[PDB]
Amino acid sequence: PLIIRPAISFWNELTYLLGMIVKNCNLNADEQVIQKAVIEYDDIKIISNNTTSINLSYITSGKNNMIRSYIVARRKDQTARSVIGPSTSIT
Amino acid sequence: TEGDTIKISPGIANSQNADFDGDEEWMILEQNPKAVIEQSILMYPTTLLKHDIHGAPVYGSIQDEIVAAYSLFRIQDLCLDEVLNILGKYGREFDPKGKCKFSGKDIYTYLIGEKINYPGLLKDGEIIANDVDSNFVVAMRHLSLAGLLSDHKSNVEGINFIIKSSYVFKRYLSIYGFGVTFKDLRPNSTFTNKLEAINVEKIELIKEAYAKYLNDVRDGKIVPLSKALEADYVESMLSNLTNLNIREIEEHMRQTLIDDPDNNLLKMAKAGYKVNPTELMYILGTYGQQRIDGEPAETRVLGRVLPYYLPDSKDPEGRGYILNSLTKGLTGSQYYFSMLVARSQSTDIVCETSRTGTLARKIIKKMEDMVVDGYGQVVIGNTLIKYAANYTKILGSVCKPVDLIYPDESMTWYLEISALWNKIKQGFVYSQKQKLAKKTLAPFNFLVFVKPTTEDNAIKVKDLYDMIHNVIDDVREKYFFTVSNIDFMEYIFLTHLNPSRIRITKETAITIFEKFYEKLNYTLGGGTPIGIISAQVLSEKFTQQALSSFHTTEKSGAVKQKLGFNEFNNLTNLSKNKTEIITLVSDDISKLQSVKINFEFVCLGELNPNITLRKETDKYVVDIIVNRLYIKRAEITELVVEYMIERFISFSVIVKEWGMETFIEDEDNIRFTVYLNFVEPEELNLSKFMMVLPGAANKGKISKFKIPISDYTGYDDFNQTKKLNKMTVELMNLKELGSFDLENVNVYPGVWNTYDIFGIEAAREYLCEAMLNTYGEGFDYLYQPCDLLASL
Amino acid sequence: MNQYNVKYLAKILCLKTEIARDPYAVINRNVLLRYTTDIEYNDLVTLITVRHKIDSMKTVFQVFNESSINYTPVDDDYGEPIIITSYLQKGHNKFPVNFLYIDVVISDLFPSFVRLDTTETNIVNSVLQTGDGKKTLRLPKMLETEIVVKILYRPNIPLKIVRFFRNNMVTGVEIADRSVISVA
Amino acid sequence: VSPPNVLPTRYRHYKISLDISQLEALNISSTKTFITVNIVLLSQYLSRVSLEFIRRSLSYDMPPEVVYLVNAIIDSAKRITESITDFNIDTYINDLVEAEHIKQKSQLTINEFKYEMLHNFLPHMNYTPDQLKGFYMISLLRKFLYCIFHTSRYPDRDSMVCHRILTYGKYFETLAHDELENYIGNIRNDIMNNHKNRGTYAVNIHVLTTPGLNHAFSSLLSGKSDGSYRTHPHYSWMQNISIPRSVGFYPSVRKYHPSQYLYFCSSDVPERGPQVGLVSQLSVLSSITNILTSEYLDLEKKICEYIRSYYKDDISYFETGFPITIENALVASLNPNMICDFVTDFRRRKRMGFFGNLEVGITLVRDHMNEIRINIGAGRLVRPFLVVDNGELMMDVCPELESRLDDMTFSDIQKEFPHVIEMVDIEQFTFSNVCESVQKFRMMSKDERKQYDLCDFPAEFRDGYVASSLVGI
Amino acid sequence: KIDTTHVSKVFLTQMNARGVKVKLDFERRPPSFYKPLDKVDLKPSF
Amino acid sequence: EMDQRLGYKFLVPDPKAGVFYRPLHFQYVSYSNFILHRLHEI
Amino acid sequence: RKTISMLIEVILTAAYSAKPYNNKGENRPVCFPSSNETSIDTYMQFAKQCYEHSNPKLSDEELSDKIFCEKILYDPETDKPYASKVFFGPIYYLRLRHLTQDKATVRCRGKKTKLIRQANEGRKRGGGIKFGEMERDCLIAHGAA
Amino acid sequence: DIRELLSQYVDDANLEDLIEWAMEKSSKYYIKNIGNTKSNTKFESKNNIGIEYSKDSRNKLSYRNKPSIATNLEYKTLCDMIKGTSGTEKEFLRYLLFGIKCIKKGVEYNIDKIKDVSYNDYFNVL
DNA sequence: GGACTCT
DNA sequence: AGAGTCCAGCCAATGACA
RNA sequence: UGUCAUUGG
Ligand SMILES: [Mg+2]
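Residue numbers (PDB author numbering), protein chains in the order written: chain A, 199 to 209, 218 to 297; chain B, 397 to 1188; chain C, 1 to 184; chain D, 195 to 418, 422 to 448, 458 to 679; chain E, 1117 to 1162; chain F, 8 to 49; chain G, 923 to 1067; chain H, 23 to 62, 66 to 151.
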């Protein structure tokens, strides 16, 4: 579904990887090129040794994975941050 | 409040490791009604007053209020208006009984406001200590008055004492002030000139003695020492000079406080804040020897560190000993060695911060699911870890480390006390029998409820025993379900309420045991996150010790167990294919000597030999003239050296034929003569033999550490000790020890050999005590977290 | 089996003799104050005579290697040959060679343990019950191929829970329990 | 690396491997541009001298534990000599050249390949006789043998004695060289494809009219030359002094090395982040040398003319001698009884301006390495010192210096009182005896003063400009 | 009906896109009834 | 005191040697050596 | 923290304020280098000469109070002196570039990121403060589920 | 039975002292073959070359090369000490042979009573 | 850079 | 015995750049 | 929307 790949707006990678999958999905097409498209859409480190490719394994890759960053920790509303100072009228 | 800053109280500052030098803090507002109730009750700072492991108060006073507390206790002969000016808004209910002149002890008696007793601190509300120091008012200290006031009633009384005490100390600072000037530190040049002359006399004495030794070696009147022993001798002389500087600084502090008794620097030294004789030695005396990796700075190119010294300079000041102080000002080389130590500490804390964070997260995620269940047991998942939480089924902030009183035959019921001590006396001798336990765990602070009483009004002696025995039996049945040993509680109540040393009333005993049942009934509850609390306390402590550089590296002759975070991480890593430090303790030294001879690495080259060869028809002959004092310093014999050379030459491939003879040249020389013919090509094999001969002719397991046989005094009990000999070997397996007569020898291996021989419970025990030993001296309260980690 | 690793086995066989005369005794090194060994060493069979001090009861163990076993019962025998195996094997009379590299019973790391009787086992099982239905907590685990299980063995009493008396720096002695799980 | 008047420059990274198991495989070994020869046989080929000569040269001033390894490698060289019937060194060298010629599958004849292999050996010694190349290999083998046994008395790789520093202009020079070679290579590839696609000697204007240098000079200021240029933070006016005086060591390391002591500020280092212990700050008396190519050639020619004019019969000591090298190019080999007569006189002619320069580093490496090193290139850290010539402070023998000082500048002092202040680089500083203070010099005996070559300025000159803002550190 | 975070649903849908089917089971708890309990006094007996 | 004045003479500008700002003079000479001579050679 | 040179800097600044000129009348600074080799007694002698040039006769208690920069200060509320003398004097003081309103952050509501639908990041974008994982550990350890 | 050979070699005045010293210092300093493999920090390099030479097993023979060039021809207790003695009496005979060589040299045969050079007369200032 | 696992 | 694989504290703030 | 540089506790 599109909910894992929304329209990026600033002025998707998985959509482009699926487009490179469907660009080889023809009857006169080898299983090796479709297999390579499926692999580099799912996990590029199976056939390569490069990082920074946004694939599926990016949500479970290291410290910056999805659970550690957005599930057991999050950015919140009704928050504030400021320098501290002492007070003698404050117990 | 005003401004754009979040204004916190200073009393919580030490709880958050916070300074007001640019620290930021965050806020979140969670306005859900369940969260509102939990914030109002569970996360309120009155609820969190006592620390959850060692029970000391989390809030208290800081730098200026310590000296204000000290000087407020020492003040005398005040009017009623001066006392009421110091008290301020808390002078409303101050009662002058019939007095017209008051002291600071009366102010403290009003501030405490309870007639409680405590050994060494309080008696009927008055402070019977000599001075009020930082152990009384600073947070996380074992002698806090707020901790005693909250042990007496509740956390509201301790938080009220903290608020009222901080107000009164700041009013003392407003009326009287506190400042340290330069005249308190260095009023004139007399003492610093005297210590400068003392240092420049003694270091030239050290240099002339070392030069006399070097010239006696150089002309040949004595045989040279090893470089380790020579470094140890110079290390001892410079340490003696440092201790002489320390004693001079201490005598100057004594003479200054008997000449000028109102010195503010010595006032904050006596109050217990950050001034000691070592810091005053750094300012006024000497800066000492600068250590990198436990040793001085290593020699680079040309046998020196800096080009300010000659090549291969034996000057100890050029290896990092600083003669100047901060008052005189460090010179260029001294500033190099000081900056070397400073930048090394900065690099080490930067390199260790991320490792401490990674281990802290691993331990927190492992231990976070371990809780106290509804029956007082510590469980994780469906596995019972402990039968009783904190060994008491009471909160750890309520539990009190009390003095362990060894059985004396002047006690009332010495028979019952000695029977309980024979039951529980194991575990009180620990640390490979080196240490005897001085503290045990009272279930709560019952010492504040003990009042002394004359023997006519006291409870009867047999009735007090019946009360203690019936309460402990009822508790052992109803609260611990007859599966936990709580004989330590009965031992505490029998020795601390002993009629041979203290008599109490009947209502005092009733009050004590009713408070005991109240702590057993109300304090500990199911769902207490004991695992994540213990994990956070252990993690915060090793992070503080890593970022504070608390564990100094030091080198010794034997192999020792390391201290600090990397040893803690090696313990929790549990790596298999690594060598372990295996300790052998024995009453007789012959069994340790037989293993020490066979396992300690000695090569021919470290014996400093004189090896010279010459070619002859039919044979290449090699003369090895060794010195006998070198053989005695290695603690071997000449036959050992002969066996080393014979084993290497008789088993080597490059030697075709050989023959060995032993000549006597002196009582200072032994000539091992070898006749040789090498396998062709004999010239290349000759050069390879002459290259590998001082190293390959060796014996024992190859290690950088030697095996010196130490000795100490070990405990069989509190009253009986014995002299024990110790030995440590770096060793992978335990197999090669199996050829020796190791009977009546205690053997302490690492974790995996303890598991593979003794089992999982001995592995748990080793992990507990070894993880506790990495924190250092003075951290026994981390025993109960570490056990909770080891049992996981 | 050599002349050094038979004395450590003799110290183990005092505890096995104590268990054979009382299955619910507390086993630690203090049991060694109530016994006396005599070793007749030979490279085919080693005879270890364990004598109770006050009751004068004798028990003769015949210690063999794993290869050569020539076992016929002598008078006052234990009833089963003690076999020093090369590896850790399943069996109460089969001690591997790693157990006897050092003196193990006199060590500070040697535990203090009991086999629980039916009363204490029922108390432990009813304490472990969580109260909610038929749910139960579990004790921590311990393998059957361990020297504690080899010492505590009785032929018609199955050993399921072992109670340990841990050293404790702050309370003296602590009570724990392990459950013995099966191997092979 | 080639001398800077040789464009384009040639880099050759050679490696010597030693094993006690295989002492016959004492192999000098480059990658894809040189053969893998025994270095003793290569020195025998280049210098045309016997193996007993190399044994007597490597064992002259060595401790006896190194002479065993010397005898072992010489015996393995003699064994691999005698393993072939009637050994000729030219035949063995040419056989190795033939073997890797047919191994590399190169499309070239054998005379061109052999000249390209044996003439581009040691680009810093490109136009010297081959015997000096062989003796350079012998002295490198001697340094290897000494560093095997005494590895702490050898200059570490993280030391500042071993490195040169890039200034502002060196980044621009390196990028201009790289883009000029890329421009000529693109023109060559386009011309080859124009000849092999259409068949006329022509070049497309679309390749020629772009140099590829505008984009490189634009991206030079982005700093990606690891961390050379950056966005200026406008924190303080001091930063315009702080940042161009800071030296980055980009990858043992990051600990405070003793070689960084006098030439860098001790206290101005970062205390956190990724660059902790990586960025140092120059002292106020420390500079980094710049030299033009014309001055480099004139300086090298004048120093070689001084070495060959005087000491004319005493610079042929290739066995038992001190190799005099200039920018690692071996020039002569002096008598060992003349070295202190040489170096001092060289320093006496450096401060006099006899060579046309005042920052000619002259290092005398004793301690069984035994070499005289002359450094004239750019990128060296230099600093002024007080000369101690034969046990007397030269500052204390000029009485008119105190009366004439305020009406003269630093170059006026160096011209009129030349032997008072010497410009010493960090390599000459590491291998000399310097006194820390003039008070510490004056409180010494008149025989202890003969050991010291230099004397230092006060400690306030050892801080940076950021540290001079502070008071009493 | 489920009440989970949106990042939980994005994570589960992406793990489904990798091929891991994640199926949740729900508690149809038996209906429980409060019954009165006897008086318990935890005060000690002296 | 004499070595301190001799060291102070290095810090002050040298108009005869072309040193108008000693704290950045080597970088000025480096860029001048590039753009006036070495670019012409390359 | 053993910052001894700050006291010497206040002493030398006050000694400049007594005598800011040399004997020619020109403004001369006080040479106190970054790595100083002159003793503290030489600076005390310099300060004594400055204060004796300013006021040609002082009592030696007043002169020792002026050199060491000790002063009797008075409580502004009761107009009574304090107990002991206070280190009081001028110093060169520096402002640092870390201001409170450059770091001050607050968010009630705002934008959300498109994928996970939690709050955005930056301070210019008005983002939220990340309630991290160690704060989650702290709220677990409080028992506030 | 060794008293015949030991009275052949030396007088019977320091004889049983030699015997008891050789016995207890041979049973004390008896050395077996201990370890030193490369599957388990650094000394001086001159000794480290030989140490990591001796770490590997291929530089050692499979069986012991017996000595060939004949030494100790005045003292031919080696003629039995080669292989008639291999247990404790081998090192006992080696120790008494060293004691006989020392006492015929006319010097102290022990190493314990070769007393230490006390070095804390150079390092006892202040 | 360093520890665990498969080969 | 040697390569693959994954791991390297938390929370920030500015500016430049793609 | 992410990298790089610099900085803070
Ligand atoms: Mg702070």
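Hints listed in this document are in silico derivations from the structure and should not be mistaken for laboratory results.
Note that beta-carbon positions come from the ideal geometry of N, C-alpha and C, so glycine has one too.
Please note that a few of the clues may not be correct.
EDC-like, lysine to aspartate or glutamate: derived pairs with alpha carbons at most 16 Å apart [stated by the list, open to error]: (1) H:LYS85 / B:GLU1053; (2) C:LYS7 / B:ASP1137; (3) B:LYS761 / G:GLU1055; (4) B:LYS762 / G:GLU974; (5) G:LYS924 / B:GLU1053.
Sample of chain B residues at the chain E side, in silico, Cβ under 10 Å [stated by the list, open to error]: (6) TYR669; (7) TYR802; (8) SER806; (9) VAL871; (10) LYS874; (11) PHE877; (12) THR878; (13) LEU916.
For the pair supplied as a hint, G:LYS924 and B:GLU1053, is the alpha-carbon distance within the 16 Å limit? violated, 71 Å
For the hint on B:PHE877, just tell me whether its beta-carbon gets within less than 10 Å of chain E. Status violated, d = 15 Å.
Does H:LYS85 pair with B:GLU1053 here, judged by a C-alpha cut-off of 16 Å? holds, 14 Å
Taking 16 Å as the top limit, are the C-alpha atoms of C:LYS7 and B:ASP1137 close enough? holds, 10 Å
Regarding the hint that B:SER806 lies at the interface with chain E, is the smallest CB-CB distance below 10 Å? Result: violated, 29 Å to nearest chain E Cβ.
Let's test the interface hint: is any C-beta of chain E closer than 10 Å to that of B:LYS874? holds, 9 Å
Report holds or violated for the interface hint on B:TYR669, using the least CB-CB distance to chain E and a cut-off of 10 Å. violated, 45 Å
Evaluation of the interface hint that places B:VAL871 against chain E, nearest CB under 10 Å: Holds - the Cβ of B:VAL871 comes within 10 Å of chain E, reaching about 9 Å at its closest.
Interface hint outcome for B:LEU916 [beta carbon to chain E under 10 Å]: holds, 9 Å
Does B:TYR802 pass the interface check with chain E, least Cβ-Cβ distance below 10 Å? violated, 30 Å
Please work out if B:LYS761 and G:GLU1055 have their alpha carbons no farther apart than 16 Å. holds, 11 Å
Interface hint compliance - B:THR878 to chain E, C-beta minimum distance less than 10 Å: Constraint on B:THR878 not satisfied, violated at 18 Å.
Checked against the numbered hints listed earlier, the structure breaks hints 4, 5, 6, 7, 8, 11 and 12; every other hint is satisfied.
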